[PDB]
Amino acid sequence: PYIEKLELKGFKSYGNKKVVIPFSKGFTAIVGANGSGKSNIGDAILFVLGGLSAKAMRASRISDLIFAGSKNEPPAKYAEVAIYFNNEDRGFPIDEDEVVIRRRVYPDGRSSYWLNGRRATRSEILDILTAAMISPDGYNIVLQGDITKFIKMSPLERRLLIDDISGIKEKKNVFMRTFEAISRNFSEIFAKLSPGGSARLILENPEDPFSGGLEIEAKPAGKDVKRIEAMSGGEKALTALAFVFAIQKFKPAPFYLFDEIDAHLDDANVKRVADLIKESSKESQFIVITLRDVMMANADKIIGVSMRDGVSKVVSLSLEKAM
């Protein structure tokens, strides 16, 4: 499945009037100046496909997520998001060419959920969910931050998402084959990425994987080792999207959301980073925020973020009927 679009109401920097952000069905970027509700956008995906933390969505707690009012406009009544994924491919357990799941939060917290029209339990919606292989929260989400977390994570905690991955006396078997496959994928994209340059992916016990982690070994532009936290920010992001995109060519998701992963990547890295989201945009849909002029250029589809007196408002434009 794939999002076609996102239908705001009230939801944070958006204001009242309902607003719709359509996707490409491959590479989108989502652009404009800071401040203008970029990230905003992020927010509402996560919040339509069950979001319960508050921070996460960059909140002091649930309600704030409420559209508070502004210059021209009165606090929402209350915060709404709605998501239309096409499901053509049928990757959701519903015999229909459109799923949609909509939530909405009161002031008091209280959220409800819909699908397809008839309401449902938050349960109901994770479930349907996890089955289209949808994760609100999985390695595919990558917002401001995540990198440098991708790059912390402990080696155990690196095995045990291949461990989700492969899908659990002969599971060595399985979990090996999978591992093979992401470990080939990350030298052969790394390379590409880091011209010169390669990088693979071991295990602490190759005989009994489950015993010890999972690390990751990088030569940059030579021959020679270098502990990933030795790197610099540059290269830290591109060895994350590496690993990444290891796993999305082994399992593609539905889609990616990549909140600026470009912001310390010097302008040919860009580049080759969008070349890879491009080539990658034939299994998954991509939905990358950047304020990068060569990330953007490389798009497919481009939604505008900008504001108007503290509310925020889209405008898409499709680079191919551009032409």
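Numbering follows the first chain given and starts at 1. Whichever C-alpha set is largest while still superposing within 1.5 Å between the two forms counts as the rigid core. Compared with the form deposited in another entry:
- Only one of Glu124, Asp224, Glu98, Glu180 has its Cα shifted by 2 Å or more between these two forms after fitting on the core, and that residue is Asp224.
- Core-aligned CA deviation for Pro155 between these two forms: 2 Å or greater.
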The other form holds:
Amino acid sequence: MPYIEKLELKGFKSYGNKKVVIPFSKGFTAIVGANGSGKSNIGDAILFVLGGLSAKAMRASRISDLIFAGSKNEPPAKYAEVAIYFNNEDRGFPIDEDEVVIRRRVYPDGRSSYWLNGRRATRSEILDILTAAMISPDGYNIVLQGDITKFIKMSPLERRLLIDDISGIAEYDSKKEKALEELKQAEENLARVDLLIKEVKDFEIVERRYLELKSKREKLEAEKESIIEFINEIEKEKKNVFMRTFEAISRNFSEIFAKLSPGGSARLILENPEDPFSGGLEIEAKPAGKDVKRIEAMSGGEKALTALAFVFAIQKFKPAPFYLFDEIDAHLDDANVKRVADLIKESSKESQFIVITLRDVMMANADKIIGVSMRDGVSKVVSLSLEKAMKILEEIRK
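Structure of the form deposited in another entry, given the form deposited in one PDB entry:
No partners, no molecules, just the chain.
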């Protein structure tokens, strides 16, 4: 799967007029620093370059407030710019390049421009390429500030649509639409032949025409019947693929939640198991020694562990190219943060993980750590490899 090699920021929020390059581990990167350092702006930068339209979602009041406003030693920027570099050696992107670069600029007048590997592109073209690579602009794998609350307040219908997507049943809806088109034409042709037969009811002429119409009708009726069977089959297969997906993720979710919350347990619930597509997807969890609660009623740490168990339940079934977390630890003590970080580190063999944090227990598990600090109203970064650090210090222990 593709992964993020680096992110380049220029004139974006607290990042000044000199381009700042943020490199990433293929596995687990932690983005760390003081609150107020600009470390969280890196999350907003990724939402931005992947096409985010909502200033609030990028922690700004208007889109133009994403533009660096100047500092002690710097003038304001003419525009905000972010470029993201994906490794594409396995062609997760339908582009014949070992590297896919997406670049976005926004200007004080509020307009945005996009580039795909140096060539201009519309936002729609960018989203199409990200969809083809199964990279979401703001999907379930991106959990920034406020997104755990959003997942808690999410409707059961929206929650099921997430599983619909992961399961891949959209190909079945497509096949069904094409079969309904064929059925439509069959019915139109049947009604046409039926009108022509009614009118028909010189002997040789009328008998010839009646026999040819009766034969065309017989072919149309068989064609109609086989399309209806095909539609029935498609509907069964769609339900089957979805249920296989749901049951595996449901199992994952229960296991993971029991691991994050020792002595606890939880279940995914289909509001209509008989016809899943007529209802939502609900969540109930029972923390150790507490009553069964339903996810919308959950608070604090239980709420965050539940949302995280759901994310990892999906990533264990179908891993996304990357996951981007910020504020997921705000209501977790060190013991709980340890369990999440171990889960992240174990999953980071199959997906890229970027975690913005100042919790050292989360930090400890990372392959690389990007430290962010604000110098004179301008954010700057320092990069550290933990493997390299471990080796260098073990050798100094002599």
